[PDB]
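**Student:** Okay, here's what each chain looks like letter by letter:
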Amino acid sequence: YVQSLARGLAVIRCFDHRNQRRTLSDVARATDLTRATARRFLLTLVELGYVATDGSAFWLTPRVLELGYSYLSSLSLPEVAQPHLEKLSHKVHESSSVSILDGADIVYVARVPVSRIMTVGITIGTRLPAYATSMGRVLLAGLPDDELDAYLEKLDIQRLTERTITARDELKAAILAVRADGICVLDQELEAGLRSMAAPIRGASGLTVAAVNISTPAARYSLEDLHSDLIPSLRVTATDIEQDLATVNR
Amino acid sequence: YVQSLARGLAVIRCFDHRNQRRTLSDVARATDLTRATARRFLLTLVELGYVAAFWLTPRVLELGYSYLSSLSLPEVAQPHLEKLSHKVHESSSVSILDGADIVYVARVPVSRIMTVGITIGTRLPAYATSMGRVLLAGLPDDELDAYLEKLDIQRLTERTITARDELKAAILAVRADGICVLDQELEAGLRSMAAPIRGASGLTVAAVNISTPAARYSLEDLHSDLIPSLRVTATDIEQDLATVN
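Quick mapping for you: the protein sequence lines, in order, are chains A and D. For any residue, its number in PDB author numbering is found by taking its place in the first sequence, counting from 1, and adding 15. The second sequence lines up with residues 16 to 67, 72 to 264 when you count with PDB author numbering.
Keep in mind the hints are simulated off the structure, nothing from the lab. The beta-carbon is built from N, C-alpha and C at its ideal position, and this holds for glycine as well. One or more hints might be untrue.
[Said to hold, decoys possible] Result set (SDA-like, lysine to any residue): computed pairs, CA atoms no more than 25 Å apart in a straight line: (1) D:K102 with A:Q97; (2) A:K102 with D:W74; (3) A:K169 with A:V200; (4) D:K106 with A:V263; (5) A:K106 with D:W74; (6) A:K106 with D:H32; (7) A:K106 with A:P93; (8) D:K106 with A:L158; (9) A:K102 with D:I27; (10) A:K102 with A:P247; (11) D:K106 with A:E62; (12) D:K102 with A:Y16; (13) A:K102 with D:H32; (14) A:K106 with D:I27; (15) A:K187 with A:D202; (16) D:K106 with A:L222; (17) A:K102 with D:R37; (18) D:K102 with A:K102; (19) D:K169 with A:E62; (20) A:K106 with D:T76.
[As the list claims (entries may be wrong)] Derived CB-CB ranges, DEER-like: (21) A:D184 with D:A207: 50 to 60 Å; (22) D:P232 with A:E94: 36 to 46 Å; (23) D:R50 with A:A261: 31 to 41 Å; (24) A:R235 with D:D240: 57 to 67 Å; (25) D:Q18 with A:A119: 28 to 38 Å; (26) D:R235 with A:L238: 51 to 61 Å; (27) A:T49 with D:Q18: 18 to 28 Å; (28) A:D240 with D:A67: 39 to 49 Å; (29) D:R235 with A:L222: 20 to 30 Å; (30) A:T138 with D:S248: 37 to 47 Å.
Please take these sequences and the hints and turn them into a complete structure.
**Tutor:** Structure below.
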C-alpha cells in the first residue's frame, strides 16, 4: 500500500465547488495531513503540472482531465452495468441481466450467465413482453401515469402459463405494488419453473431508465429464500450501477 | 518531490479509450516501471477504489471532476447548454484554451445514428476548431503571433486552411464577427460554430459551440436558426459567470 499515492490523490480530490482555491494549511486540514506532509504532495503536483500556485493558494489545472476523463465519461449503460453484474453473479451464482424498455417489450442490454446445464439466461438484444417479466414490471412502474394507462389500454395480455396475471386491473395493481416495494418478483408467469426478481436503475433525477434482475429456476429457492438470500444483493447492485451511471453522465 | 506519486499518476495516465484493460505486465512496460513497482501501484489503486486484467473505475472521474467543479465555468454553463441542445437538437459544448489546444470542459450530447460526440477532457488543436479560432481571436496580437510562430499546421481534411497568413486572417475575422463557423476543416462531413464567452476582464475566457453533421443544415440554416440561439447562450453564460465571481 503506497501511502504517498493515496495522499497525492486525496490532495487532488480536496478541491471542489465550495473549495476552489486552498492555502497549504487548508489543504492539510482537508486531507488530515500536516503542513509539512501536505507541502511535499502539493509541490510534487505543481512540478507535475496538475496543480498551480501563486505562493499562498493552490488550485488544479486542466491536466487533471488527462487522468481518464475523456473515455470514462463516454461509458454506455451496458459498460457501466457489466462489472456490477459480474460481481453480483459471482456472489449469488445465478444469472443477472440489465434491460431497458422499448414500447411494449424489454430489450436485454447486458447479462452474465452461469455455467449450468439448465439455464434461464437470455442473449443480449432479445426482447420479451414487459407485462410478463420482472424487469418489465419495474420499467412499466417507471412510466408517467398517462403513458402507463395508454400501455395498459393497448395491451393484449396472453395466458402464457397457468399463473400469468390475466386482468388489466390486476396487472396495473402488480405494477403499482412494484412502485411501492422497489422490487418485483415474478413467479412463473413467463415460463413454468422459472422465477425472476428485478429492481430499478434510476437516472440522477430519479427517473427509471433501466432494470437489473436475477433469474433462477423455481426449484433452487423457496419464495422466502429469495428475500433472504438474493434480493438484498440485487438492491445493492442496482444502487451501485445508479451511482456509477450518475458519475459517468455528470 | 514524491516519486511514488509521480509513478502512480503515470500508471493512471497510461489507460486510454483504446487501452482500457491492461495486465500487470501490460502496465509495467507502458510506464517503464519494474513488474514489482508497477504491481504495488495497481494494488493501492484497487484498495482506493480507482482500479478494479486491470481497468480504471468510474471513481477515477472524481479526479477530473475536482478540477471541473472547482472551476466556476463548467457547472455554470451546464444548464444553459442543456437548454441550447434541447432547443436546437444538436450537441453543444464549452471549452477553454490550454496552450496550442482547446480542452472540452462541458457538453450536452445529442445521439442519433451518426453522432457528434466529443467528451469532456478531449483536447483538440485550436487552429482547426471553431472554438479554438474564437479563443485565439481573444489573444493579444503578440500572443497570437507567438502562437502562429510555433504552429505546424496539418492537413486534417482537404478543406483545412494550410497557410499561416490565411489562418491569421481567419482568426482576425472571427474577432470582428464574434462567431466562427468551421466547415469541414476538422472532419469531412462535420460543421461547428462557436461564440466567445467573456470573463471578468471583458476578455474572451472560453467559447461555446454547436456541432452538427454538414448534411443536417445548409450554411444558411446555421446563420438563420442555430447561430442566433448560440449567441444568446454565450451571453446568458457570461451573465451567470459574472454573478458567481
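**Student:** All the hints need checking, so say for each whether the structure fits it.
**Tutor:** Right, here's what the structure says about each hint:
1. D:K102 with A:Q97: 32 Å, violated
2. A:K102 with D:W74: At roughly 15 Å apart (the allowed maximum being 25 Å), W74 of chain D and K102 of chain A satisfy the hint.
3. A:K169 with A:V200: Roughly 24 Å between the alpha carbons, so the hint for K169 of chain A and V200 of chain A holds.
4. D:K106 with A:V263: Given pair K106 of chain D, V263 of chain A holds - Cα atoms ~24 Å apart, limit 25 Å.
5. A:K106 with D:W74: This hinted pair holds, its Cα atoms lying about 20 Å apart.
6. A:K106 with D:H32: 29 Å, violated
7. A:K106 with A:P93: Status holds; Cα separation ~19 Å.
8. D:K106 with A:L158: 24 Å, holds
9. A:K102 with D:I27: 23 Å, holds
10. A:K102 with A:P247: 14 Å, holds
11. D:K106 with A:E62: Violated - the C-alpha atoms of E62 of chain A and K106 of chain D are around 44 Å apart, more than 25 Å.
12. D:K102 with A:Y16: Not satisfied, since the Cα-Cα distance of roughly 46 Å exceeds 25 Å.
13. A:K102 with D:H32: 23 Å, holds
14. A:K106 with D:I27: 28 Å, violated
15. A:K187 with A:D202: 17 Å, holds
16. D:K106 with A:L222: The given pair, whose Cα atoms are some 22 Å apart, holds under the 25 Å limit.
17. A:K102 with D:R37: Status holds; Cα separation ~19 Å.
18. D:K102 with A:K102: Distance of about 38 Å is beyond 25 Å: violated.
19. D:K169 with A:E62: 24 Å, holds
20. A:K106 with D:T76: 20 Å, holds
21. A:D184 with D:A207: 50 to 60 Å: Holds: the Cβ-Cβ distance is about 57 Å, inside 50 to 60 Å.
22. D:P232 with A:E94: 36 to 46 Å: Because 25 Å falls outside the window, the suggested range is violated.
23. D:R50 with A:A261: 31 to 41 Å: The hinted range 31 to 41 Å holds for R50 of chain D and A261 of chain A, with Cβ atoms some 36 Å apart.
24. A:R235 with D:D240: 57 to 67 Å: 60 Å, holds
25. D:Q18 with A:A119: 28 to 38 Å: At 60 Å between Cβs, range violated.
26. D:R235 with A:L238: 51 to 61 Å: 53 Å, holds
27. A:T49 with D:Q18: 18 to 28 Å: 20 Å, holds
28. A:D240 with D:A67: 39 to 49 Å: Roughly 30 Å apart at Cβ, these two residues miss the hinted range, so it is violated.
29. D:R235 with A:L222: 20 to 30 Å: 28 Å, holds
30. A:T138 with D:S248: 37 to 47 Å: Given range 37 to 47 Å: holds, Cβ gap about 44 Å.
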